[PDB]
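A.B. asks: Chain by chain, the residues:
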Amino acid sequence: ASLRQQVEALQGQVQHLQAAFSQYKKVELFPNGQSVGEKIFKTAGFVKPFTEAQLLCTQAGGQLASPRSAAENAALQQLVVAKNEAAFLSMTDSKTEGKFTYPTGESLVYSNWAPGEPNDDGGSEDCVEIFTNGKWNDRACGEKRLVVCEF
Amino acid sequence: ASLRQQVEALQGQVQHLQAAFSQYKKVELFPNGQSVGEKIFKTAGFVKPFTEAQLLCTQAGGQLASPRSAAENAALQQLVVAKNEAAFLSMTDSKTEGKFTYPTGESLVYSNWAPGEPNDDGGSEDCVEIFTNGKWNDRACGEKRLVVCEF
Amino acid sequence: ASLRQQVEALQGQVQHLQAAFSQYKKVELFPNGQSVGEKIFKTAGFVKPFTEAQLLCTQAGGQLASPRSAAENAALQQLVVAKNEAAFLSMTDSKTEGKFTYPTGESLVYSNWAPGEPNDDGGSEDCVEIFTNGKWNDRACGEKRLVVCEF
Ligand SMILES: OC[C@H]1O[C@H](O[C@H]2[C@H](O)[C@@H](O)[C@@H](O[C@H]3[C@H](O)[C@@H](O)[C@H](O)O[C@@H]3CO)O[C@@H]2CO)[C@H](O)[C@@H](O)[C@@H]1O
Ligand SMILES: OC[C@H]1O[C@H](O[C@H]2[C@H](O)[C@@H](O)[C@@H](O[C@H]3[C@H](O)[C@@H](O)[C@H](O)O[C@@H]3CO)O[C@@H]2CO)[C@H](O)[C@@H](O)[C@@H]1O
Ligand SMILES: OC[C@H]1O[C@H](O[C@H]2[C@H](O)[C@@H](O)[C@@H](O[C@H]3[C@H](O)[C@@H](O)[C@H](O)O[C@@H]3CO)O[C@@H]2CO)[C@H](O)[C@@H](O)[C@@H]1O
Ligand SMILES: [Ca+2]
Ligand SMILES: [Ca+2]
Ligand SMILES: [Ca+2]
Ligand SMILES: [Ca+2]
Ligand SMILES: [Ca+2]
Ligand SMILES: [Ca+2]
Ligand SMILES: [Ca+2]
Ligand SMILES: [Ca+2]
Ligand SMILES: [Ca+2]
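Chains as they are written, first to last, in the numbering used here: chain Y, 26 to 176; chain B, 26 to 176; chain R, 26 to 176.
No wet-lab data here; the hints were simulated from the structure. Be careful, since some hints might not be right.
Just so you know, same-sequence chains aren't split out, so a pair can sit in one copy or run between any two.
[Said to hold, decoys possible] The calculated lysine to any residue pairs, modelled on SDA-like cross-linking and capped at a C-alpha distance of 20 angstroms, are:
1) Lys64 - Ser47
2) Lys169 - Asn109
3) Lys50 - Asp118
4) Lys64 - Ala85
5) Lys51 - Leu81
The whole structure should be built from the sequences, with the hints applied where relevant.
C.D. replies: Below, the structure is given as structure tokens:
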């Protein structure tokens with residue numbers, strides 16, 4: 026009997042937490058975050074070469090932005106447009122030229138390559154950048170692009 | 026009766042969440058947010074013209090800062106002072122000159138105008154900025170001011 | 026006794042909340058915060074003299090970074106390195122020259138002084154800064170250093 030009362034009490038505490046937290050979710054994502062589905066993109070707000078950008082995301086418990094649908098790509102694009110800086114995606118073809126994969130090693134399930142890309146320009150573009158127009162282009166990993174991680 | 030040991034686990038989970046959530050709130054608000062009552066003000070840390078600022082807040086799930094009491098205005102003022110950048114409020118008299126209203130449409134229920142304001146200087150001041158001193162002044166919507174949203 | 030089904034329900038809500046909270050926490054800390062044990066360090070991203078930095082942290086419900094172990098120091102070093110700006114710690118020897126203490130008055134339980142430090146150079150170094158290499162140096166409280174608070 027006391028348990029039924031203890032349960033109701035917990036119900037009230039949970040409802041409170043749920044409500045308060047929903048508000049802080051909005052506050053937190055402003056202005057550098059974007060929620061799409063169960064994924065959250067967040068930009069560090071600055072540019073870094075691929076290797077450094079990758080380390081920043083992984084050490085933070087996430088990974089570089091990896092849009093796997095038109096919906097996610099559009100969400101990521103909003104951050105890129107807002108910062109007016111193209112960003113690096115997580116995928117590369119460093120292992121096998123022409124074969125882009127996620128950090129897991131799996132093949133792409135979605136892509137939004139600009140016409141003619143990837144073209145491995147100069148024979149040395151193994152990373153991927155997303156333009157403010159939302160399209161993808163393979164680019165030199167040594168370049169510095171906006172750091173956007175996904176969680 | 027095993028339900029009793031399960032309730033005990035739940036109680037522990039909720040207390041842990043209450044403690045973690047409270048700590049997280051302080052972290053989030055530092056150093057660009059202010060909690061006042063049920064409202065939360067948060068600055069984007071940069072400036073933008075009115076239209077742009079308004080869009081940013083709306084798309085983020087909130088709206089431009091709309092202080093409705095001396096208490097809210099003081100909370101907002103802290104952010105303005107910290108950043109040393111005057112900010113736009115959500116209110117405007119763009120529809121009917123001389124009559125400032127909220128994004129919703131209702132008339133002002135609180136105001137903290139500087140002496141002599143609003144004066145529609147140049148016959149073209151329909152937006153509202155709040156100075157580091159906390160006072161309000163009607164200013165051209167085309168000017169760039171600190172973006173501060175409320176949630 | 027559908028209380029067993031009622032407990033099942035809350036079990037699900039609490040776990041759903043635990044998952045969302047864990048995700049938003051990681052997002053929150055990227056890229057200006059660092060979690061170590063139950064402590065959370067977060068930098069404001071800018072510099073301020075000691076008194077102003079201390080006030081910012083206290084007003085935020087926390088205090089200046091106070092590394093109490095090699096683990097916490099390394100965590101704080103990450104933020105300093107990321108911003109490439111030495112930061113102030115909370116400890117000072119203002120009360121009794123030579124004896125550094127925490128805001129509570131307790132003497133240090135951990136230190137990471139650089140060789141030759143602390144030296145009270147010039148006869149007036151009562152604050153402490155942590156370099157990008159993680160070592161400490163007593164420095165004039167009037168200098169402006171990175172603001173990092175702990176919650
Ligand atoms: O530098 C190596 C890359 O060089 C070429 O890329 C050019 C595009 O050809 C050029 O049009 C422009 O791309 C912009 C695109 O037209 C625009 O719609 C979008 O919003 O932003 C893009 C980025 O500014 O500039 C890029 C170079 O930055 C080449 O096509 C590409 O394959 C090479 O990797
Ligand atoms: O530019 C159009 C506005 O021009 C006039 O505003 C001036 C004030 O007259 C001037 O004193 C100064 O206001 C500052 C105020 O005195 C100070 O206490 C506060 O902390 O900051 C204010 C902003 O710097 O500058 C403003 C212009 O920015 C005119 O009075 C106003 O109605 C016109 O809209
Ligand atoms: O200004 C008062 C301090 O002056 C002296 O400090 C110097 C060091 O002597 C100098 O080597 C350099 O320290 C750097 C340290 O060698 C390096 O490993 C670390 O990553 O960064 C340090 C800071 O750039 O600069 C400091 C001054 O900033 C004096 O030794 C010290 O006791 C005085 O307080
Ligand atoms: Ca290659
Ligand atoms: Ca390639
Ligand atoms: Ca290319
Ligand atoms: Ca008008
Ligand atoms: Ca007007
Ligand atoms: Ca005016
Ligand atoms: Ca002294
Ligand atoms: Ca001293
Ligand atoms: Ca010294």
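A.B. asks: Could you figure out if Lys51 and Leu81 sit no more than 20 angstroms apart (CA to CA) within one copy, between two copies, both or neither?
C.D. replies: Intra 23 angstroms, inter 12 angstroms, cutoff 20 angstroms: inter-copy only.
A.B. asks: I want to check one pair: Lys64 and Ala85. Are their C-alpha atoms no more than 20 angstroms apart within a copy, between two copies, both, or neither?
C.D. replies: both (15 angstroms within a copy, 16 angstroms between copies)
A.B. asks: Checking an output row: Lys169 and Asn109, CA cutoff 20 angstroms. Within, between, both or neither?
C.D. replies: Result: close both inside a copy and across copies, 14 angstroms intra and 17 angstroms inter.
A.B. asks: Quick one: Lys50 to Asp118, C-alpha cut-off 20 angstroms, is that within a copy, between copies, both, or neither?
C.D. replies: neither (35 angstroms within a copy, 32 angstroms between copies)
A.B. asks: Tell me, please, which holds for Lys64 and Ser47 at an alpha-carbon limit of 20 angstroms: within, between, both or neither?
C.D. replies: Intra 15 angstroms, inter 13 angstroms, cutoff 20 angstroms: intra and inter.
Of the hints listed earlier, the one the structure fails to meet is number 3.
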